[PDB]
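Below you'll find only one chain, the form solved without the ligand, shown as structure tokens.
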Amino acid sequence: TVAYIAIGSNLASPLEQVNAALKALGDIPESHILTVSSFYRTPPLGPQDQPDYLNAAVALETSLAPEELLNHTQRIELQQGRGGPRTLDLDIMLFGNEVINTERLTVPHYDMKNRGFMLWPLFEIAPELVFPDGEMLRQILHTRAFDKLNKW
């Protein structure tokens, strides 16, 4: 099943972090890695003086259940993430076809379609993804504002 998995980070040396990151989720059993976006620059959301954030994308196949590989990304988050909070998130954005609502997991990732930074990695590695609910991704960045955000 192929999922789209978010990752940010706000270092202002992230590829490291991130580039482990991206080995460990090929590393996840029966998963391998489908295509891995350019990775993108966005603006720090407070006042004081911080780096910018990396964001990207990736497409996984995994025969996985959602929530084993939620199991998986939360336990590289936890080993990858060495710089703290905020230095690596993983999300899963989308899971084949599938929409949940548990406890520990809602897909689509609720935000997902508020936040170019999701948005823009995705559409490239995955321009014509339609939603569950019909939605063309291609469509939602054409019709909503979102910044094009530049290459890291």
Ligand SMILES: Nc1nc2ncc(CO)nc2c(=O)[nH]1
Second form
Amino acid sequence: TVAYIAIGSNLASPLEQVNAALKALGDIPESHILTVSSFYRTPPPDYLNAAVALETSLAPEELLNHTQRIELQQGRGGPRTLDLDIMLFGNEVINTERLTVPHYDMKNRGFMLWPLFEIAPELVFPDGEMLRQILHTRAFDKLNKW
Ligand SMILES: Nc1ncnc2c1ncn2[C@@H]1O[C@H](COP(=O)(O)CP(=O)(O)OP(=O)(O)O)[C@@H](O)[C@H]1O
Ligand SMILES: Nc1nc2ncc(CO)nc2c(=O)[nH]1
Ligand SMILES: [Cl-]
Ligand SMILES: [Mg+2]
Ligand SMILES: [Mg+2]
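Please show me the structure of the same protein in the form solved in complex with the ligand, now that we have looked at it in the form solved without the ligand.
Full complex below, order starting with the chain above.
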């Protein structure tokens, strides 16, 4: 299953943070990275944001245990300076105590949507909404690469 994960860091010099995170993402068992977006310096200091397409045989809650582990192990300041958010998990819709998939706010965030669109321009959400339409409709300003 293709999972799309948002990576965010508020570090002033967060490149290494994000590289640490990407390495660990690639080291998730039963998974491998398909594509990584450009890095984007986005208004909140400022964030470094990226999107990752991750092929995985893991159930969504398994994937979350791993991203949460990575936040603790690789976060310069634990989960607060490294944020790994599951945007989409294939076409699954999940509304559990631990997991709301698609991410409950991604449709409001250029810093999630534009990197996603870079790597998955033909993406359609479970409800049938198309990523291109949302960017069209909201007309989010294009982001600036890191
Ligand atoms: N799609 C999703 N991806 C990652 N965590 C999710 C999630 N949906 C729900 N969560 C839950 O979100 C909880 C808190 O994670 P935080 O990283 O502190 C939220 P955040 O990313 O800081 O804010 P945000 O959701 O506005 O982006 C986790 O304990 C987890 O159970
Ligand atoms: N630019 C930017 N702002 C954010 N604000 C809140 C949150 C909460 O996770 N994330 C972000 C983010 O990744 N980028
Ligand atoms: Cl949806
Ligand atoms: Mg977040
Ligand atoms: Mg988070």
